[PDB]
Amino acid sequence: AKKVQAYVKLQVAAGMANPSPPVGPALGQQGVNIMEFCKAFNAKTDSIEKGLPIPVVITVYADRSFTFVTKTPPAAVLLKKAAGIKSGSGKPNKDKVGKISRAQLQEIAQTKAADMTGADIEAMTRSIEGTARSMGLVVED
Amino acid sequence: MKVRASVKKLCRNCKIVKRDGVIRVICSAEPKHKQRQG
Amino acid sequence: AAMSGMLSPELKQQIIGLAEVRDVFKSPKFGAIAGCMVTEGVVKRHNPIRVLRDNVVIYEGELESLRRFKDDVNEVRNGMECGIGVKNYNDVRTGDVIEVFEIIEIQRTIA
Amino acid sequence: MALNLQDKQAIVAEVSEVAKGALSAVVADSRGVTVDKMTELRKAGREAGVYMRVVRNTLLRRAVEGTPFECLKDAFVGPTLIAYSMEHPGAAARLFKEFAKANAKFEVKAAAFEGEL
Amino acid sequence: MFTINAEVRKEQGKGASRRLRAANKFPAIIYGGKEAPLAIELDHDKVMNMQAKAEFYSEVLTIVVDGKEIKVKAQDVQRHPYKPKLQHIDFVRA
Amino acid sequence: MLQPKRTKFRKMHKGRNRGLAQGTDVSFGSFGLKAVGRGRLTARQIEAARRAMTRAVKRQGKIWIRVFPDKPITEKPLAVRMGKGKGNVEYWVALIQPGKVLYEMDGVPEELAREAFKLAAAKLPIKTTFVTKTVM
RNA sequence: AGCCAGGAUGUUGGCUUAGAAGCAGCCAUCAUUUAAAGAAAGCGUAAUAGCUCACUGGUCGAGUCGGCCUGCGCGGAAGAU
Ligand SMILES: [Mg+2]
Ligand SMILES: [Mg+2]
Ligand SMILES: [Zn+2]
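Protein chains in written order, with PDB author numbering: chain H, 1 to 141; chain d, 1 to 38; chain f, 780 to 890; chain e, 1 to 117; chain U, 1 to 94; chain L, 1 to 136.
Incorrect hints may have been included.
[Claimed, not checked] Distance condition first, Cα-Cα at most 25 Å in a straight line; then the derived PhoX-like pairs of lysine-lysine:
| id | chain 1 | residue 1 | chain 2 | residue 2 |
| --- | --- | --- | --- | --- |
| 1 | U | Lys85 | U | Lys46 |
| 2 | L | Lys58 | H | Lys96 |
| 3 | d | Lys34 | d | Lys18 |
| 4 | e | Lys109 | e | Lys8 |
| 5 | d | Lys8 | L | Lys76 |
| 6 | H | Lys71 | H | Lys9 |
| 7 | L | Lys5 | f | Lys849 |
| 8 | H | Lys94 | L | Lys58 |
| 9 | L | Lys127 | d | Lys9 |
| 10 | H | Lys94 | L | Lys14 |
| 11 | L | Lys86 | L | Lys14 |
| 12 | U | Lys14 | U | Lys53 |
| 13 | d | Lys8 | L | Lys123 |
| 14 | H | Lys50 | H | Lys71 |
| 15 | d | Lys2 | d | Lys18 |
| 16 | L | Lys86 | f | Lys849 |
| 17 | H | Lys112 | e | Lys43 |
| 18 | L | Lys123 | d | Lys9 |
No lab work stands behind these hints: they were computed from the structure.
Using the sequences and the accompanying hints, generate a full structural model.
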């Protein structure tokens, strides 16, 4: 990574064997190889975990095929499986549906430590406190 | 450009400087905001 | 072009004048004559009217006779005493206001 | 902009570390991107961020007012932009080499390497 | 903590009071206790900035006039209806 | 809209607008709107000025009305001659003096309240000015 | 006030949506990294992107910014022999 020119990002599903519902022909106008998907991308996809959203970073100009660099998982997904109800609410922040404990969002947010600016490990917990304040979920420290 | 009467500063690029006996409104970014007669 | 012409759209129903009626009078022909005072605009003969009481429309119609005194003028301006009567309108009550409006057609284009 | 009382927070923190300081190193952050600053931040990720600096006291009426107590090398350091850093631990070990070896990428400006104690 | 530099009014009445408003002054009076009331004139430009603070109406003030220092408190302030101006201020000894 | 429900007498003659206003300060609200000029204010103006203040800051904040017309103000027809009695009652008017607080405001911020009174100022026929809490 | 840089990570904040990622709305508007950065003042996109402001650094350098009460003016101000 040196200068911004051409990149694409979108979350794909690893639950099926070689799927492309989101992209297909609409992966990229630059001429990204469809055959290279099963050869390259599926090597490290099934090796880690399946089910969650998996983003992508593509940089191709005259190389045809390519390789990929490691990524970081989002925080909004960690408020689904490792928190309360998965469907949603509908009502605004005025009414509070769910709740959070001190045990939650401490070692769960530790999985994001691959790529973060935050130096201190105790500071990572306080960053998620503000995130839950959007929905308005009460937490008992 | 309009004339109307009041200048009314809309954007940060609004100028409002007097020319001859009749003040004008000059805006380089948005030519629609050009006005006279204030 | 043939298609564009086919269209018949009138997009304006702007009021021509608005008048309040007071001190009803009786007439043999129309059954009633409602004395009026135009507060705004100009009242016309063949232009349609909307009779409403307390913001809701009690009755609707098109004027048949616009008559002030024995003059029976076809037009009445605002703030000039005026007179009105219409067929098929039974009950005249004070405090209601009659809204007259002209009808115009904008015209249409194909695209 | 902060008033005189709040300005003394940056001064007294620097003045107390003049006698107790060990090593300092400088670099021109002018013309530079936040991603170029993030190299020194991810360098401090092993050391936890509290030990390291590059925290800009670079005004000549802030840090250069706290210089005249002891160890004056800031006579000709004044002009242009300077990155002040003070550490209670620290050796005269490899810590210079990361700034020197980074000059393959150019690093925008190095201030012509003025040098500090 | 407030020092009001003032003078004793030579003239009185409606004709006298309107002449003071032309010269940026305004009429006042210091009354209360066993002492008789005395009509005092205050400067508009100095006084008008002080009552913006809440401490003017609560804390005690000292009107300096001919080396007296009566030490009085604010009671009732008449303002000009359609402008930001002061007509007359009542004072009470304490 | 905004007229007397019942009246002791149907018509007032004419009257004069002289002297200064009563309420120099705002009794109920924190901020408000004071009228500097002198003139006749119809019941349609204060209705139109209230409609601007009705939808400005949505839900938060409350407004008061310190004025009321209570003056019949008759109007003659056009082509009618002079005399033949006095005209019928058409629209109501509030005569106000300089220094009268027309409108008030409490649960709105200071800078946001200046915008609301600026819109209502253009609706009125005379010049207006902002006022503070002014406790004493 | 110019000139010379940054103007962010978590995070597409939650929610409403075909899609609104700071910028059509609603409520909350904090916490890390921080020289400094508002979960966002404006332009822009179908929506991202892009480019600025606030804030702050370098350079230069001593008066600068925004209101209140007034003296006297400017526009608003077009008619027929
Ligand atoms: Mg010219
Ligand atoms: Mg003029
Ligand atoms: Zn403009």
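Original post:
Which hints, by number, does the structure contradict?
Top reply: 4, 5, 7, 10, 12
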